[PDB]
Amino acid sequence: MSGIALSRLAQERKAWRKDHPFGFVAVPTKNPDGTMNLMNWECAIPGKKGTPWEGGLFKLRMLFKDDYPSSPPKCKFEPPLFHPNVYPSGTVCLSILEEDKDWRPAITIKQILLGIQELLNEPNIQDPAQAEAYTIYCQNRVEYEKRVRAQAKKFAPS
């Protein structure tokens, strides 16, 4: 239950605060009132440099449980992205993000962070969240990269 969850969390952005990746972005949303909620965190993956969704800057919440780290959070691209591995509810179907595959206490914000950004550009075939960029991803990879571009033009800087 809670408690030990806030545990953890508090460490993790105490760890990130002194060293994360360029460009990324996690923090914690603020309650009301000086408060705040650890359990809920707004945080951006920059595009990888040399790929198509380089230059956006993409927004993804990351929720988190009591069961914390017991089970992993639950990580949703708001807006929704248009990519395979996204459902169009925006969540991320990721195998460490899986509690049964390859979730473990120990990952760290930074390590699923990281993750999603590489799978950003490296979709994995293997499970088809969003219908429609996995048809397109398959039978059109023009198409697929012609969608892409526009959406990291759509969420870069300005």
The other form holds:
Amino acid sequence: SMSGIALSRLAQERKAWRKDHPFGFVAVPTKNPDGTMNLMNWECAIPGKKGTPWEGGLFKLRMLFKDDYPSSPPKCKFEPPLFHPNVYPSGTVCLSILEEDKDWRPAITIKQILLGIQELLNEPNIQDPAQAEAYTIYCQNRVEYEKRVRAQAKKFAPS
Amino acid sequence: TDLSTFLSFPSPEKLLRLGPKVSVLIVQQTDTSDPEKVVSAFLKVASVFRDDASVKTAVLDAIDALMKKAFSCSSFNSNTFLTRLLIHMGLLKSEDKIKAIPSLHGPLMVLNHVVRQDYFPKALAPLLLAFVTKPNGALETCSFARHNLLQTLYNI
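Based on the form deposited without its partner chain presented above, generate the structure block for the form solved in complex with its partner chain.
And the full complex, kicking off with our chain again.
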């Protein structure tokens, strides 16, 4: 109901990210059907933390911001959804800092968000899963799990 | 007509009243191709389960009819079924943030039976195992039904 403040931080956020963003990472505002920018819907990418079985994979997620931003965190959704205990089958990511009623702050910047999500991949919160598959494999056969992750990283490696 | 009043307020009595054809009715007045649908009919009927020979027979037969047909329909996706099921039983959180059923003794008594049946796709066992065996989940104690289920599941 009041996106004037939103499109404003999304603009300085768009700047801050350009002056210095993490390697291999991608975060850019989509283009409206007319041709003008849209700081509301963003297309990003996170490359697997080197050394982890996510290494070499490029994981694309969408960042949708409400008219509430920064009062509220954005909704980060992996496109396509990923095999991971804290990622819903819809693609949505379940991270503590992306919940307004939790560790979210308007201070939190995009770079901080994509990085938090990068970390969440190797170190999942299995205490509270958002998906059954990743969870089941993780608890029952932790090795098969890692194998699944590596195959998923490869599948998302730049071709 | 009358089956609709049973689904609005499940009851072991209302169930018996539907008559000898609850098996056929449930299977008919239910879209057995929509996972969310079947889950609702499952949980509801399952909340009416009880040890009384009269009722117990009725509830497990209805479920057998419902799930047998459901797991058979190619279009029906068992994984969504399970997933949504775990959701409604409050074992697996969700995005819609759906309000979980009140009690879990009924579904757990029925799940043991269901899982022992042929119509049940065995590749679902471990997923169910993981959440029924999740030590910190909604399941907070030494349940009786929980033990049989679990035993059956590892045995699979």
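Between two forms, the rigid core is defined as the largest C-alpha subset superposing within 1.5 Å. Residue numbers count along the first chain shown, from 1.
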item	value
Yes/no, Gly50 Cα shift of 2 Å or more between these two forms with rigid core fixed	no
Core-superposed C-alpha of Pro105 shifting 2 Å or more between these two forms	no
Large Cα move at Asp33 between these two forms, threshold 2 Å, rigid core	yes
